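Asks: One-letter residues, chain by chain:
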Amino acid sequence: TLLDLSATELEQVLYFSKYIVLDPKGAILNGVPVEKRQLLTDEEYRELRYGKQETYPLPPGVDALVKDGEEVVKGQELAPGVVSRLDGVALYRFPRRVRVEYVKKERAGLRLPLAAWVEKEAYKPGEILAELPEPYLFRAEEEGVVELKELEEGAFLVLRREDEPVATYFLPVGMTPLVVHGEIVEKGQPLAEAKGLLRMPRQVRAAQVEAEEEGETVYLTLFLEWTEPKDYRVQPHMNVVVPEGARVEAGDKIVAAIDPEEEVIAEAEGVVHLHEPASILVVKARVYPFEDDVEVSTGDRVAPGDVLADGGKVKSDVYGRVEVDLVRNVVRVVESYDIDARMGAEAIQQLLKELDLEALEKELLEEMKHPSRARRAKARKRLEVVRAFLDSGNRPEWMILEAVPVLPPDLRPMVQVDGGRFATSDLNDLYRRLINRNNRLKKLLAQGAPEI
Amino acid sequence: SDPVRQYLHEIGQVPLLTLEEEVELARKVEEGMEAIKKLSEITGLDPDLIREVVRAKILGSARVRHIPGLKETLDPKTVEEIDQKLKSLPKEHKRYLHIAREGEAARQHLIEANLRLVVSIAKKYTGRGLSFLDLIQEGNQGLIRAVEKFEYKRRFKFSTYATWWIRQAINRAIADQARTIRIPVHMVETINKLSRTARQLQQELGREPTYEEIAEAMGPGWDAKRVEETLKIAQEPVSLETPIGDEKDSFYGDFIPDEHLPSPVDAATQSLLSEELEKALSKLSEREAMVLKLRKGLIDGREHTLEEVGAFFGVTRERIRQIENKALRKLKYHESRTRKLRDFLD
DNA sequence: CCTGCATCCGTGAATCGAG
DNA sequence: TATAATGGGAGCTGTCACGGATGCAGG
Ligand SMILES: [Mg+2]
Ligand SMILES: [Mg+2]
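Going line by line, the protein sequences match chains D and F.
When you read off a place in the first sequence, starting at 1, and then add 113, the result is the number in PDB author numbering.
When you read off a place in the second sequence, starting at 1, and then add 77, the result is the number in PDB author numbering.
Hints in this document: simulated from the structure, not taken from any laboratory.
Note that the Cβ used here is the ideal one computed from N, Cα and C, for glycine as well.
Heads up, some of the hints might be wrong.
Ranges of calculated distance between the beta carbons of each label pair, as one might list FRET restraints [to be verified]:
1) D:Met481 - F:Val315: 12 to 22 Å
2) F:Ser138 - D:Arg486: 38 to 48 Å
3) D:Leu142 - F:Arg205: 26 to 36 Å
4) F:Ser138 - D:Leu468: 19 to 29 Å
5) D:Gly424 - F:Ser78: 51 to 61 Å
6) F:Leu122 - D:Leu470: 44 to 54 Å
7) F:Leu122 - D:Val354: 23 to 33 Å
8) F:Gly322 - D:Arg488: 48 to 58 Å
9) D:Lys187 - F:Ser138: 28 to 38 Å
10) D:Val519 - F:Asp79: 24 to 34 Å
11) D:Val498 - F:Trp241: 51 to 61 Å
12) D:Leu142 - F:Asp331: 36 to 46 Å
13) F:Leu85 - D:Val216: 47 to 57 Å
14) D:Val519 - F:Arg379: 30 to 40 Å
When the alpha-carbon atoms are kept at most 27 Å apart in a straight line, the in silico DSS-like pairs for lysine-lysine are as follows [claimed, not checked]:
15) F:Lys115 - F:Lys226
16) D:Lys366 - F:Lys115
17) F:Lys407 - D:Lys366
18) F:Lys407 - F:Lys356
19) D:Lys180 - D:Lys343
20) D:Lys556 - F:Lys148
Kindly produce the complete structure, drawing on both the sequences and the hints.
Replies: Structure follows, in structure tokens:
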């Protein structure tokens, strides 16, 4: 009556079916702000207090269509068999395969007819290097054994006497090698045939080009740069300590494990790419990268424009909860509200304590003037309770017990009958129920436990 | 409406962990514990104090209370002084604070995830004196213990190590809370061992065993007398509200008299004894009666030695013992003649 | 939106004996 | 203290007639 709550509502709050709002703190829901004393479900509480998020499992063997940290709209397709149902930032969970592109910068030579090739200070991938009317035969200018290194397209020939390389030649697209790996070549014999036009491969790019004229041909000392991929398989008991597109040198750790063995250690300079996650976590949150020591920590709740990281050069745009990622090196703010919504007689006792009886008396007195019958009736009943508490001097929060009394032992006796057997009252079993559940609660609170 | 069904619904919301997810959470927890250790090595503060501070910020301001194990009182002022003291550390050091936070958060998620296990276990322990929900919550305590004592390096599925601690907590609870007259756990194991013993014997002999027969099958140190004593101890009390008759108008405790409070006969007899004793002590002088009243404790309620009574009246202790002999002897002659105090001999 | 009727839940249901 | 185990289980049905509060469609 006092809190204007029906039997159903007061039941739901007291027996922890639904929450009740004490101080909304600017929280809103589905377009309308949170009003005080509004009953919200557990799902409404998790969506408000802790923000909304969802994890979508990915079918075996299939890779992801989207990337890490990519902003995702509702209805956007993340996987060939999975479609996201909400707006927010997408995150990888547990990558099955880690592909590392190792950086390689080498020098390699090539000889072509002067009339055929196009003079350029450098060369791009796909860019035509030469145009050959008649098929030309590239000839070995040194003696030794052939080491054939093949790319996705294009090749590398390393001729060597003993274990020392005597020469290194480059074979762009449109050039078919006429030798196998480990073949012995003399001076003059054809290594490859360049038929028609020839261009640079999609993967490798020529940084610098040094040309030298000799006879009717030209020799090109090329400074090349490319990346060679290497796949690493990750086990469920292993975790990746390296973010997307991160830079690592020799010795750096990529994937840790239970034992020192099977650990993935970066062999040389290269970039890291994650593929095939266990699932994808779509979170409604704001991404804030940091390049310096972060002041805020994970677990903290923050209002828009609060000091976050890098001495305060980055701040929050929205209301939410701070989740510090040290892997991707980014401070996340999960879109949520710091809202005070409770359950049980602790929340009820609070609402009863905050009640000013004089104000409600006046409000209901003004309400008693209304022409409607039901209005006057219910207001009379409510005012009867208010007048009762005011005249008596009792406080409404005494209807909720902080300290439950204990009836004297002789009025709930434990006695030994004639046969030496014991007989006791049911109140003792009831009190034991109370003390047990109370003490267990105090222990569960002390050690700390999930809210469930 | 239904507390059991409601808790089962609150449990069905949290999805079950994948092997990767479970290992991840356990990993962050363990690394979190190491982070608290390292932060204690640096800060120079109590690991428990640090853990509770990290635990407070993770859980939020919704829970603020004093921890028994901690020396200082835990309040929002203190936890803010410490949190700011922790965030006053450099990059490589302050990292551990983030690790500790992430660890506690993973701990919350891990305990929240495996509550289904506790339910499917505690469901078997029903009917032993504790309610279903009581068993579940006690298994939840054991679940918490299992989480904090777990080591993910062993590649064991968490359910395997959790089950042991869960059963342990439940059994401890049943052993402690069941009996109205609380009995030590070891003694309960003894009594239950006596139960399985007597039931084994009754199953093989086709009848209920004697005290001596159980004494034999129990082994050394067990005779019929000790068995009977053990059974006497295991006897539980019965309710005073036990129904008497097929109507509801009668209770068991209605037929039990009060043995403590004095009947009017007792109080009247006691008063008559005090009066007759004073009538007897008035057949003496005031001095030789005062010696006795101080000797046996009628006055002041204390029995005095001969030295104190002699220190009061001013005579020697032998004079006091002489006076008390004369007084008692006079009371004997008074008794032999009057025949008054004889009936009070009981 | 406000009255009226259907409907829900909670509360009662003699005394004394003995048992 | 370690294989792994992950949403319960039994309901009581043949009284009755009252006041009062809740909720419904109807004027
Ligand atoms: Mg024996
Ligand atoms: Mg009626």
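Asks: Each hint: holds or not?
Replies: Hint check:
1. The given range of 12 to 22 Å is broken by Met481 (chain D) and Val315 (chain F), whose C-beta atoms sit roughly 57 Å from each other.
2. In this structure, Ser138 (chain F) and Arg486 (chain D) meet the distance hint of 38 to 48 Å, their C-beta atoms being roughly 46 Å apart.
3. Range check, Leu142 (chain D) to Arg205 (chain F): Cβ separation about 45 Å, and the 26 to 36 Å hint is violated.
4. For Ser138 (chain F) and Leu468 (chain D), the hinted distance range of 19 to 29 Å is satisfied, since their beta carbons lie about 24 Å from each other.
5. The supplied range of 51 to 61 Å is met by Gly424 (chain D) and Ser78 (chain F), whose beta-carbon atoms lie about 55 Å from each other.
6. Between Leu122 (chain F) and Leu470 (chain D), the C-beta spacing of about 47 Å keeps the proposed range 44 to 54 Å intact.
7. Restraint check, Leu122 (chain F) to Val354 (chain D): a C-beta distance of roughly 28 Å satisfies the suggested window 23 to 33 Å.
8. For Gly322 (chain F) and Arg488 (chain D), the Cβ-Cβ distance of about 54 Å falls inside the hinted range of 48 to 58 Å, so the restraint holds.
9. Against the hinted window of 28 to 38 Å, the Cβ-Cβ separation of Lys187 (chain D) and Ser138 (chain F) comes to about 33 Å, which satisfies the hint.
10. For the pair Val519 (chain D) and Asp79 (chain F), the supplied restraint of 24 to 34 Å holds, since their beta-carbon distance comes to about 30 Å.
11. Under the hint 51 to 61 Å, the C-beta atoms of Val498 (chain D) and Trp241 (chain F), about 55 Å apart, fit the expected range.
12. The beta-carbon spacing between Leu142 (chain D) and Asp331 (chain F), approximately 59 Å, falls outside the hinted interval of 36 to 46 Å.
13. Roughly 56 Å separates the CB atoms of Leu85 (chain F) and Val216 (chain D), a value that falls within the hinted 47 to 57 Å.
14. The hinted range of 30 to 40 Å is satisfied by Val519 (chain D) and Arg379 (chain F), whose Cβ atoms lie roughly 36 Å apart.
15. At roughly 18 Å between alpha-carbon atoms, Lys115 (chain F) and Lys226 (chain F) fall within 27 Å of each other, so this suggested pair holds.
16. Straight-line distance between C-alpha atoms of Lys366 (chain D) and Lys115 (chain F) comes to about 22 Å, which keeps the hinted pair within the 27 Å bound.
17. Between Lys407 (chain F) and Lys366 (chain D), the direct Cα distance comes to roughly 108 Å. Violation of the 27 Å bound is thereby established for this hinted pair.
18. Among the hinted pairs, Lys407 (chain F) with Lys356 (chain F) is consistent with the structure: their alpha-carbon atoms are about 13 Å apart, no more than 27 Å.
19. For a cut-off of 27 Å, the pair hint linking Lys180 (chain D) to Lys343 (chain D) stands: about 19 Å separates their Cα positions.
20. Simply put, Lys556 (chain D) and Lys148 (chain F) have alpha-carbon atoms about 17 Å apart, close enough for the 27 Å limit, and the pair holds.
Comparing the model with each numbered hint stated earlier shows that hints 1, 3, 12, 17 do not hold.
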